[PDB]
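Colleague: Read off the chains here:
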Amino acid sequence: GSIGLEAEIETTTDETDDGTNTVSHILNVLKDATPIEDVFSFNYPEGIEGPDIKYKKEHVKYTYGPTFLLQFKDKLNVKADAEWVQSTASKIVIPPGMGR
Amino acid sequence: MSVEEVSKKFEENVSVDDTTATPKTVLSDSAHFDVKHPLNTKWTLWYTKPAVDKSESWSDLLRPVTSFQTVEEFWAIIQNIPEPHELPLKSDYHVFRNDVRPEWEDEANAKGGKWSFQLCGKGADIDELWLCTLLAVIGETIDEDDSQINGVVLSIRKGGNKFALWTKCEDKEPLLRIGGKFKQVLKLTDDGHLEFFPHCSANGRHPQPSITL
Ligand SMILES: C[n+]1cn([C@@H]2O[C@H](COP(=O)(O)OP(=O)(O)O)[C@@H](O)[C@H]2O)c2nc(N)[nH]c(=O)c21
Ligand SMILES: *SCC1=CC(C)(C)N(O)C1(C)C
Ligand SMILES: *SCC1=CC(C)(C)N(O)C1(C)C
Ligand SMILES: *SCC1=CC(C)(C)N(O)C1(C)C
Ligand SMILES: *SCC1=CC(C)(C)N(O)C1(C)C
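Chains as they are written, first to last, in the authors' numbering: chain B, 215 to 314; chain A, 1 to 213.
Calculated directly from the structure, the hints in this document are not laboratory data. Don't take every hint at face value.
Stated by the list, open to error - As a list, the in silico SDA-like pairs of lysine to any residue whose alpha-carbon atoms are at most 20 Å apart:
| # | chain 1 | residue 1 | chain 2 | residue 2 |
| --- | --- | --- | --- | --- |
| 1 | A | 172 | A | 201 |
| 2 | A | 24 | B | 221 |
| 3 | B | 305 | A | 67 |
| 4 | B | 293 | A | 67 |
| 5 | B | 293 | A | 86 |
| 6 | B | 275 | A | 177 |
| 7 | B | 305 | A | 69 |
| 8 | A | 24 | B | 291 |
| 9 | B | 293 | A | 85 |
| 10 | A | 24 | B | 314 |
| 11 | B | 287 | A | 51 |
| 12 | B | 245 | A | 22 |
| 13 | B | 287 | A | 125 |
| 14 | A | 162 | A | 51 |
| 15 | A | 49 | B | 275 |
| 16 | B | 293 | B | 304 |
| 17 | B | 305 | A | 208 |
| 18 | B | 287 | A | 69 |
| 19 | A | 172 | A | 192 |
Generate coordinates for the entire structure from the input sequences, incorporating the hints supplied.
Modeller: Following this line, the structure appears as structure tokens:
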């Protein structure tokens, strides 16, 4: 029937700060982040996702849905200004091509 | 030509391994953005705090910051949740550059037309509508929205709040059209609510701009 522990936990953690977002904290995340393929280039898994939202704006390339950007505001809660020059200066931009 | 159906397990192959790459948006992250959000435009982020203007200088107050083609930047300043009725009035906020940059004292040279929206002050959920239009305008300038626009501006006062919309020009006709859209953004309803200020008058603050609904 049962030979061992059928209950195994895998990377649970899920517990950072008391729910307070800081510019240095988040911007610090960028210090060790990966590049970007573009909005619709990356499907954000978390009750959201920008597939064609603004992609219909014609020419797309770099169109960030109005509602999408909004979501950002939710997690962006971090009055920046200083760390900005520190991280903002890092923000990388990649042209959505690959195929042709 | 097939369409959105997916009635076959051939088009897709359930199987992966060491799947290179690994993006992480601020949405799915919540505390670890492993990806930098870039755009195809240029826009700085200046926030004016009119108070020492008494004898300081419009250029001595204005605080220019975030100037990139991303979202985490301009979004932060929004995190301030100041909005058009959540921060010390008599304030100002302008983000743009796609065409010019200087300011209402030169940017106009660019847009040529200043579409402002005067509001007696409400305080509900206008900051979302005013933004959805601005954020999209700068974040989605590729076309459709900020087809050729130049930039946007903000200006709060006693009355309540007033947002400006700068357009490269592309003829005012198309503007009267754009403004209309921004009109609703103001959360009005037949009240007209709208302001048209020609650059030629913006700089020299000449009397009799264009109109004011
Ligand atoms: C926007 N702006 C305003 N001022 C000064 O502040 C005064 C008020 O400007 P305003 O008519 O309230 O402009 P706005 O609503 O479009 O921001 C003007 O008489 C200007 O002398 C400005 N002065 C400079 N140098 N540059 C600017 O961009 C600027
Ligand atoms: S919000 C419209 C408005 C404000 C104020 C300056 C008090 N006014 O005279 C009008 C009614 C134009
Ligand atoms: S502009 C963003 C927006 C509009 C409305 C439909 C009023 N909303 O609920 C949000 C805040 C998503
Ligand atoms: S503002 C008038 C105008 C029209 C167009 C031909 C698009 N232009 O380049 C200017 C801005 C001079
Ligand atoms: S209204 C045209 C105009 C205004 C000002 C900034 C004073 N100028 O130099 C010109 C003549 C272009």
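Colleague: Now, for every hint given, state plainly whether the structure supports it.
Modeller: Evaluation of the provided hints:
1. A:172 - A:201: Since the Cα atoms of residue 172 of chain A and residue 201 of chain A sit roughly 15 Å apart, the hinted pair holds (cutoff 20 Å).
2. A:24 - B:221: violated, 29 Å
3. B:305 - A:67: At roughly 11 Å apart (the allowed maximum being 20 Å), residue 67 of chain A and residue 305 of chain B satisfy the hint.
4. B:293 - A:67: Holds, because 15 Å separates the two Cα atoms, which is no more than 20 Å.
5. B:293 - A:86: holds, 15 Å
6. B:275 - A:177: violated, 25 Å
7. B:305 - A:69: Holds - the C-alpha atoms of residue 69 of chain A and residue 305 of chain B are around 9 Å apart, at most 20 Å.
8. A:24 - B:291: holds, 17 Å
9. B:293 - A:85: holds, 18 Å
10. A:24 - B:314: It is violated: about 25 Å lies between the C-alpha atoms, which goes past 20 Å.
11. B:287 - A:51: violated, 28 Å
12. B:245 - A:22: holds, 15 Å
13. B:287 - A:125: holds, 14 Å
14. A:162 - A:51: Status holds; Cα separation ~17 Å.
15. A:49 - B:275: Violated, at roughly 35 Å.
16. B:293 - B:304: At roughly 18 Å apart (the allowed maximum being 20 Å), residue 304 of chain B and residue 293 of chain B satisfy the hint.
17. B:305 - A:208: violated, 43 Å
18. B:287 - A:69: Cα-Cα ~16 Å, so holds.
19. A:172 - A:192: holds, 17 Å
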